[PDB]
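Letter by letter, the chains look like this.
Number of protein chains: 2
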Amino acid sequence: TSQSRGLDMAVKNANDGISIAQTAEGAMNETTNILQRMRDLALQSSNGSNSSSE
Amino acid sequence: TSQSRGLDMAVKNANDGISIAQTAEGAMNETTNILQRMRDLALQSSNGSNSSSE
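Sequence lines, in order, name chains A and B. Read in full-length UniProt numbering, the first sequence has 73 at position 19, and its numbers run on one by one without any break. Read in full-length UniProt numbering, the second sequence has 68 at position 14, and its numbers run on one by one without any break.
Take the hints with a grain of salt, since some may be wrong.
Said to hold, decoys possible - Simulated DEER-style distance windows between Cβ atoms:
no.: 1; chain 1: B; residue 1: 70; chain 2: A; residue 2: 57; range: 36 to 42 Å
no.: 2; chain 1: A; residue 1: 55; chain 2: B; residue 2: 67; range: 30 to 36 Å
no.: 3; chain 1: B; residue 1: 62; chain 2: A; residue 2: 58; range: 33 to 39 Å
no.: 4; chain 1: B; residue 1: 85; chain 2: A; residue 2: 86; range: 50 to 56 Å
no.: 5; chain 1: A; residue 1: 69; chain 2: B; residue 2: 87; range: 41 to 47 Å
no.: 6; chain 1: B; residue 1: 98; chain 2: A; residue 2: 91; range: 57 to 63 Å
Stated by the list, open to error - So these bits of chain B aren't anywhere near chain A, every CB distance computed over 10 Å:
no.: 7; residue: 59
no.: 8; residue: 60
no.: 9; residue: 68
no.: 10; residue: 73
no.: 11; residue: 90
no.: 12; residue: 94
no.: 13; residue: 97
no.: 14; residue: 107
Worth flagging that the hints you see were computed from the coordinates, not collected in a lab. Beta carbons: idealized from backbone N, C-alpha and C, even for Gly.
Throw the hints in and build the complete structure from the sequences for me.
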């Protein structure tokens, strides 16, 4: 009986762990998209056609 | 006839002794349930998803 209640609280606890990892990874996805955009801009600036203004 | 009355006292004493055991068991049934509830609450609290407030 104690094991059954503990197992349910453990399943709920593991759901919380999946939730925390899900939220942080989802925010991490936009970090990846930002960095790729920053890398595209950095490559563009390296072109010799750009003057100091661009 | 002397100890026939004695057994009548004996069964009477045994009956109330059974009653004392029964009420002790009955109040005990709630004690077990309270401890089990505290075990689930403590189990939930051990999760790192909970902050200090929870």
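Worksheet item: Hint numbers the structure violates, sorted upward?
Response: 3, 5, 6, 11, 12, 13
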